[PDB]
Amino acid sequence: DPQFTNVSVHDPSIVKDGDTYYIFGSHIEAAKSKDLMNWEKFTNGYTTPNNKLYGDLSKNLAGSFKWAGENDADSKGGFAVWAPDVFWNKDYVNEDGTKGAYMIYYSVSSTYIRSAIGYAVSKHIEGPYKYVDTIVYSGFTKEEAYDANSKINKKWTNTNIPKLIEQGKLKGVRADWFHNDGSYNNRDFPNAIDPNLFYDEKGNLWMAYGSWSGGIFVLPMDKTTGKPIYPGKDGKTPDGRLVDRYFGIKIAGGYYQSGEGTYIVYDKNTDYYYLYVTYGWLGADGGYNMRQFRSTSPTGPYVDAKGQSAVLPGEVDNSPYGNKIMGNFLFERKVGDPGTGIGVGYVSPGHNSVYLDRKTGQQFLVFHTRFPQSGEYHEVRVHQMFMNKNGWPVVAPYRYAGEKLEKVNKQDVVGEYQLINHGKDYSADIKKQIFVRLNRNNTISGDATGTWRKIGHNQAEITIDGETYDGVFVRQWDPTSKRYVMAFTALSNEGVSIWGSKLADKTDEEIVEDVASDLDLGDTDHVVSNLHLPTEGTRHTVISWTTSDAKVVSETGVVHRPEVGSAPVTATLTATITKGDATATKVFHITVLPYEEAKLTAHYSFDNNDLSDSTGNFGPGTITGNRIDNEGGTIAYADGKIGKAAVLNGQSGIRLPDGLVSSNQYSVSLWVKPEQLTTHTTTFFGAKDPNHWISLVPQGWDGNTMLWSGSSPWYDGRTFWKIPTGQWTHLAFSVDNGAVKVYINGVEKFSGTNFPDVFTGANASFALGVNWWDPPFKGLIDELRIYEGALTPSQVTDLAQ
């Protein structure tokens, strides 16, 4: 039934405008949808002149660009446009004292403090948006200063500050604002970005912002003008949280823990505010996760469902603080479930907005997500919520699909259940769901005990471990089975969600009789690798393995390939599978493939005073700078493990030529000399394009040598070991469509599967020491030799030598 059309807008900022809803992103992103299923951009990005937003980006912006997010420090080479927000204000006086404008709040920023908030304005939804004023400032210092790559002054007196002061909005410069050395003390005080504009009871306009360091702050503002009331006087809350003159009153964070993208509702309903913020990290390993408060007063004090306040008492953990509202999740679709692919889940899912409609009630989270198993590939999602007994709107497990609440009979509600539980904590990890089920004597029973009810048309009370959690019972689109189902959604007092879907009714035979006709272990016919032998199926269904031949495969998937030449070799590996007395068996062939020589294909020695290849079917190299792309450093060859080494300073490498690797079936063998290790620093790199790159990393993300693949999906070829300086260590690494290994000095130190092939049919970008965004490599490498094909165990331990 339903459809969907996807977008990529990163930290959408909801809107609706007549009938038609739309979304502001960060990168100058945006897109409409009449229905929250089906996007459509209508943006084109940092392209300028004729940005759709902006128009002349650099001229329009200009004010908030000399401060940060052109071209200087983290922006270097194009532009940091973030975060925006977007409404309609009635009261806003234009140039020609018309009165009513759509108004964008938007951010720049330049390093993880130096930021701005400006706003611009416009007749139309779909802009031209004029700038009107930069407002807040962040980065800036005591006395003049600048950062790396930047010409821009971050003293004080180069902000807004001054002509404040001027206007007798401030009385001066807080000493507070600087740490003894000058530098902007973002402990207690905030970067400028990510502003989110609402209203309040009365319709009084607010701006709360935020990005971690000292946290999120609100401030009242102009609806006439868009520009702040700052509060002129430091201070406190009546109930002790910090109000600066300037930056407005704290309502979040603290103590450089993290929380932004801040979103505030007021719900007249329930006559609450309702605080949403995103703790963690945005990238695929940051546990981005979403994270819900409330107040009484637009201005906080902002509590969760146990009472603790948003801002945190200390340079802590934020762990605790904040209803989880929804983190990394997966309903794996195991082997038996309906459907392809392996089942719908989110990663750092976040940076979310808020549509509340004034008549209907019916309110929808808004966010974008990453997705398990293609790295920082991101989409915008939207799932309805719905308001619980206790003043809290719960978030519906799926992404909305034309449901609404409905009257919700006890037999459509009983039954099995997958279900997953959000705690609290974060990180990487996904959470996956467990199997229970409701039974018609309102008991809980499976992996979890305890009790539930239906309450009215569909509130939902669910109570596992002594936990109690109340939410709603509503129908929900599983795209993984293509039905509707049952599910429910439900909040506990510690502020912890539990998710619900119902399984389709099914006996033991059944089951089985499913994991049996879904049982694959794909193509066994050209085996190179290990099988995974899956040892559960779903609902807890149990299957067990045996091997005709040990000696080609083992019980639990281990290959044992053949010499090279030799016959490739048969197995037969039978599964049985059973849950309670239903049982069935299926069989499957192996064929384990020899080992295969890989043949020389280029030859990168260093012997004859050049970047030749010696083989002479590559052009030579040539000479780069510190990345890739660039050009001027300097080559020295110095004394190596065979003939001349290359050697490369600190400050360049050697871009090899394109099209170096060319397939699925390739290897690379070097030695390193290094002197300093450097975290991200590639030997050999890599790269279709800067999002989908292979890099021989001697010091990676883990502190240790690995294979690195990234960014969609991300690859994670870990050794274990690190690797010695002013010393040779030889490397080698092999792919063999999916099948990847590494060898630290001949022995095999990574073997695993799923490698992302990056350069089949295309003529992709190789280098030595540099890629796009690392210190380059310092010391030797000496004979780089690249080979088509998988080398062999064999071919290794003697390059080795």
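Numbering follows the first chain given and starts at 1. Compared with the form deposited in another entry:
- When one rigid part swings against the other between these two forms, the hinge lies at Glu596 among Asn149, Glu596, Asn204, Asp234.
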Second form
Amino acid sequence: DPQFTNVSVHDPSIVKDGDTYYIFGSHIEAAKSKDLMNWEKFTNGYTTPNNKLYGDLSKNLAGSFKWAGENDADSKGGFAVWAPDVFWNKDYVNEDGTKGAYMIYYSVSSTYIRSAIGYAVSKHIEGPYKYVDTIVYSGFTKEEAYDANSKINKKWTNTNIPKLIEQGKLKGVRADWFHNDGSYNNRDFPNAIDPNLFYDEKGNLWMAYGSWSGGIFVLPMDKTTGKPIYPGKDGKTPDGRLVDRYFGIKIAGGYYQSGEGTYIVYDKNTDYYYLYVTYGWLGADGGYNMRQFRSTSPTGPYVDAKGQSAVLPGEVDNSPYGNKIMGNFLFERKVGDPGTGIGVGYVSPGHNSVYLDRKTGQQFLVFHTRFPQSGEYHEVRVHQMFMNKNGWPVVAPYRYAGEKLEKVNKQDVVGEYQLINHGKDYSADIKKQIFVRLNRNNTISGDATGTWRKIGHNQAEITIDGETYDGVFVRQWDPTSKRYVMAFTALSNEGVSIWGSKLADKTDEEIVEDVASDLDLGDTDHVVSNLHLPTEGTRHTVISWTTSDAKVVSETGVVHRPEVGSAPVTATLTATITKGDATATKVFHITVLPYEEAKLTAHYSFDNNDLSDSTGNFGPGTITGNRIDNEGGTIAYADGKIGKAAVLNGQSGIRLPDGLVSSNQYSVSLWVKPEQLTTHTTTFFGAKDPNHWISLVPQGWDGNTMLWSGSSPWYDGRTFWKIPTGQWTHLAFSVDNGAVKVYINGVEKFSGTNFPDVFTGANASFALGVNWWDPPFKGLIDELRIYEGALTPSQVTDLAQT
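Starting from the form deposited in one PDB entry above, please write out the structure of the form deposited in another entry.
Chain alone follows, minus partners and molecules.
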């Protein structure tokens, strides 16, 4: 019913310009909306010149790129313009003397510590923006020094620090900024990225910034020029926090611990400054999670609901600190729950901004998030926030769909809820719901016990297992059942957040009936893998299974595929579905298909002195340079094992089509002739992205040939066999839902199980000879064969001989 239009803007910074909401994010992406639900992108990313925001990107921001962010270190091959903040400065004096401009403060970065913050200005919010200055630097060193893949001198004299000492704004370099070896002290001093510009109660302007390293700092800003008013002298705050002559006042983080994307909001209605920051790492494996603090002053001390400091006492785990207002979660659609799909959940939600409406007092949390089973794909989400009785804004459980706080009747509150508790810990783990009832007698029962009260129109007080959470009841759009449902969100003085979502009233017999209808094992006529047989349905409905022929498929859905040539073997599985005293039954006819020879899906023979695929299923391959992503190198062609083969000079590689392997049953075969061995150098390499990869390695860390996988988990399939240079070796491996075999010249050399499932659901990047870390292969590659299914040992031998 409400309708959404989504965009991919990383690190969104929200700002209202008249009737339009805009968001500016990393990689020069921005978008606009009139309602916060339908977004439309108006930028063109890093495209240059005629860059939507910056015009001629390289020349406009050259002053910043001189220090980092342009084809240098981790930005080699392109640009790194990160996490901007945009706002209207009515006092800014333009270069023609007029007053008022939109300022975009951006960041540029080359390494985890060599970065800078600069800013550009414009008369209109869509740009283009013209460079003004580069104002904060990090990652500089005491004496001349350079980073890998970098020609830029990191000595502190190449920053604005000399100019400041000259003007008398600083007395001179701080000794504490460098380690004994002259390296940048990022244990105490910050990484200069992720800026946030905010006004305090008096209309003074401030800039908070930081990301990991020494943590988050805040500087007063000159409203006329937009330049920091550097403290000029070191010190401590009354309460003991670091003050630095240059970087400013420390308000959160420290000691290398996570924490970026600072956003600070002054709320005149409670007289607090609210500090938001994101812990963990942005990737789907990183446990990105939003944290909330508050202060009576713009420069701290910021504390959480437990009254603990945002600034860490030392190199410790930062999980206890900050109200964790959102992490990984899933309102799982269990069997029999209305709707389709796995339910609504987020993975690594974070780097937020906040829109606070000076008029209606309405508040919105704006951020990007990944999604369960979607990989690194991200979208923007907007959740409304509501001020609780303790002066803490609490986050709505569902994305904003137009709702507002209303008078709520007890009749509309009472009933069964799904309940998610965000806790304090964070990781790749995903929090799922439990089931509780808010009863008419103001008790809570079910998967937890306690009480609830509705106070006034809609404030909530929920007490579970000892803990009192305070928030609001509010009606929200559930995308799964596709109804507006009663919901609640509340926060304890432990800084812990609970979310509740009300379920439809249903008798036990209605539930069991719903479960029976929704229960489905998928296509049971062509079963080639074990079946997952659910033993639970929604609201703790129990499901129990039996077989009519366990020789075919067990009670647990373990299947026994017959001998190649046999007929398909069939059998019946029966489900018994109970809840209370209701019961139902469903039966499933399973047909298990026999084993089969693996099917050739691609064949790169190089027989025509090209990078083409012989079966014609897949496109040609393309030439690479030193790694899988870049280009430049060359592929020559010599006489091979079968015909012509491909030559790798040691500075090139071969990129193969995306989704070459797109399942969990597959095999690869190829001939190699190595001219030289180097450890961790790949031949066949495939990765869903630089974090989930498989590599066939001629010489591995044990000094032997092996199949290897990373980066989570790590599988070491080793053969204890050393590959000879100057000679032809045939290599093949097979993967089969967990088990894996590796073959050297037709001989099995490794059998293991529990091999990763790198390629299902994704559509991975594949290469020959090059990855992201290691020296390319040097020698000859021939007859790359790709299969669906596991190669029989018989097929292995044939390839190894003819």
